[PDB]
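Visitor: One letter stands for each residue in the lines below.
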Amino acid sequence: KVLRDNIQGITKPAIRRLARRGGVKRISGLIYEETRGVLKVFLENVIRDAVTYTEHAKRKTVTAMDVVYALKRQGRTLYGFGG
Amino acid sequence: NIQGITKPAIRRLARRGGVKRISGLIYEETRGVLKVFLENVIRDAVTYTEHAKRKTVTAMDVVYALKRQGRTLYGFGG
Amino acid sequence: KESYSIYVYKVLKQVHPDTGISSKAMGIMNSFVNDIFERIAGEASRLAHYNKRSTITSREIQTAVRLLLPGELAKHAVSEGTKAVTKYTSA
Amino acid sequence: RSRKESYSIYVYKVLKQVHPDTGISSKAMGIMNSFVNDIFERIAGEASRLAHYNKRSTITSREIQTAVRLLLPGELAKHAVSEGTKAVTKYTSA
Amino acid sequence: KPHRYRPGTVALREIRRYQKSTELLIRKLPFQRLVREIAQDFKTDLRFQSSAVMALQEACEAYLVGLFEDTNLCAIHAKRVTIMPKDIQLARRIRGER
Amino acid sequence: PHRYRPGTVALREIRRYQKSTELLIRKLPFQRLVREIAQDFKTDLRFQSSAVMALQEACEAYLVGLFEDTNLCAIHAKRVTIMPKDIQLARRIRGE
Amino acid sequence: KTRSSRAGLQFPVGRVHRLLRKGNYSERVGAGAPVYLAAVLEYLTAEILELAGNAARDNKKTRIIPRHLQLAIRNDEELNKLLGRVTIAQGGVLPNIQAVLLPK
Amino acid sequence: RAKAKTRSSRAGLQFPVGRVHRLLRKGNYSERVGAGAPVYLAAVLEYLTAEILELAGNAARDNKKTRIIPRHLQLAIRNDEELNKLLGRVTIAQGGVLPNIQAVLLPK
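In the order they appear, the protein sequences are chains f, b, h, d, e, a, g and c.
Going by the deposited numbering, the first sequence opens with residue 20, and the numbers climb by one from there.
Going by the deposited numbering, the second sequence opens with residue 25, and the numbers climb by one from there.
Going by the deposited numbering, the third sequence opens with residue 34, and the numbers climb by one from there.
Going by the deposited numbering, the fourth sequence opens with residue 31, and the numbers climb by one from there.
Going by the deposited numbering, the fifth sequence opens with residue 37, and the numbers climb by one from there.
Going by the deposited numbering, the sixth sequence opens with residue 38, and the numbers climb by one from there.
Going by the deposited numbering, the seventh sequence opens with residue 15, and the numbers climb by one from there.
Going by the deposited numbering, the eighth sequence opens with residue 11, and the numbers climb by one from there.
The reader is advised that the hints may include incorrect statements.
What the hints assert, rightly or not - Beta-carbon label-pair distances, calculated as ranges:
#: 1; chain 1: b; residue 1: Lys59; chain 2: c; residue 2: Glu64; range: 31 to 37 Å
#: 2; chain 1: d; residue 1: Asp51; chain 2: e; residue 2: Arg116; range: 47 to 53 Å
#: 3; chain 1: b; residue 1: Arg35; chain 2: f; residue 2: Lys31; range: 45 to 51 Å
No lab work stands behind these hints, which were simulated from the structure alone.
Ideal Cβ placement from N, Cα and C applies to all residues, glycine included.
Starting from the given sequences, assemble the full structure and let the hints guide the process.
Guide: Spelled out as structure tokens, the structure:
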């Protein structure tokens, strides 16, 4: 199936919980669209590099190491998935 | 000598950045910030120089000290 | 020592036939060419090392360019590289 | 089939050295593996760039000492440099 | 007569609870479908190891948490308690992401 | 006499300095500051002149960027005058 | 009869290959890699210099000075993203004043 | 033919000097790797692991658990200033955040 408009999957209470973790107490009502936009942009940036690494090795599977490397490029190292 | 960074000089630096009105406590804060940054650059420059057994802190050492911290500097390379 | 002054000058004459470039701007362009070369080579090194390979073919440079350069610059540079390699190989 | 190398057991031995009566789960071992690899890659890469600036072609101990001075900030610099010097001296005397 | 906390206390209880736990905060399947949707824009017919999607989700959650911490600092700076889209945009613009 | 209302001379200075590019810190005070700071790590250091030039260019660019971000913070809080709290917030968010 | 002449490039393919070998970037360097790398460098330099030449003619001068490079770099989205952390000596800044500061 | 003892035993180190030397040689960091560099590097790695593990063990003791889990490593890393500075950017999986609420949020 062709997958479209799944960005609504990030439910409003999910962003609420995320902010509650960060120490935020009162959330506006327009935060939700803005945060979905920011998340979409960040995911595009990570997955572009992950897919690039994967295509380079002539594979059709985006392993965890590709994503760890794509993050490592953008200055956010991720400990725990490297194997 | 940190008082060498004269108040009109900091005023000019702010003017370049698009600032319009400057408080009065700002000057001491900027002197502190500049002191910290200069320490963190000169420490690495001096470490590079001490490594190569030189007593002269050449320009490439300062360029490398910056390049480590992410603030690449063009024009002196070198 | 050795720099890219004359090459930058030739390219400048190729795009703007009647423009000159001062000394300090030439120094800046030298540093910029070295900087981009180091970024691309470093990415090629890391990439050939991930796949347990050992040889920086054109493919690794292509992928490193795809990674570092953002947006349409990537597509244009990749086109240039492929065309240049093809012209060199067939001739 | 195919072996995989990791610093799991060495981390375990060091843990027994500092805290004689504390275990550590598998995921914390994953984090410590990745951390040791991260620090090693930082230090070795910095030493390589440094030994390449001076047109040398060998990572002697001096390069590792200078790289540790650059990377580790503050008290860790002095303590790690002292540990390195002690290890090298005790290694060479035998 | 009914039990009904003043607006503000339930927020603090939730803040303590979610700062004490560590589980993931976004439901797994919506995020997985989002990841596949985005990936299909670049090259079609890609397959994702489950650990890879988990790593992606961990990175996204950590990024959003950091973003909201900095946004909250910005909002408190303006002598408010509510965070607003201009707060997020300022936090990102200072961080250098835009 | 003839005298501008405050604010306009600030704008004229803003445009004048954003048009030009010369250094904004007098050279000798900065040189003596650099030597003073380096005097605590190595005692007999002699700086190449261009090294001090590069140090000064880096410091000016860093401070200009810092004041740009501080100005964004200040305008955020419905003010026009920056304050030490603005600079502290900018540095805190930047990651320092 | 030079490799740069074969590939129709302007940058030196030989020097780029020599640099790849001398820098310890890998054990072995393939034959097409220096050619591709020289082509990429040539294209990036051409892009920057074309933008700088435009910005130089836009203020009535026939020579490029670092202020021009700063303008060309910061006035294009992609190049600005590529050189986001780089400080250019003698650069100044892009002329930009916040709207709120402007009177009325 | 002599009783060969591992280099880690010679240098009084737990970390495996042979493995570190092998990684330096195969990682293409330089053409020729000195004999003292792997020893020095293994010592530094051991010291850093010891530091983090001691702090994490203390933090695990404080909340009355007897096994280190990623939350404990996060709490140990973020609560020491110098270790925080060394590991400023790194995101720990299954890590959570530091318990911290802004004062102005709390009611006056």
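Visitor: Kindly indicate which numbered hints from before are broken by the structure, ordering the numbers from low to high.
Guide: none
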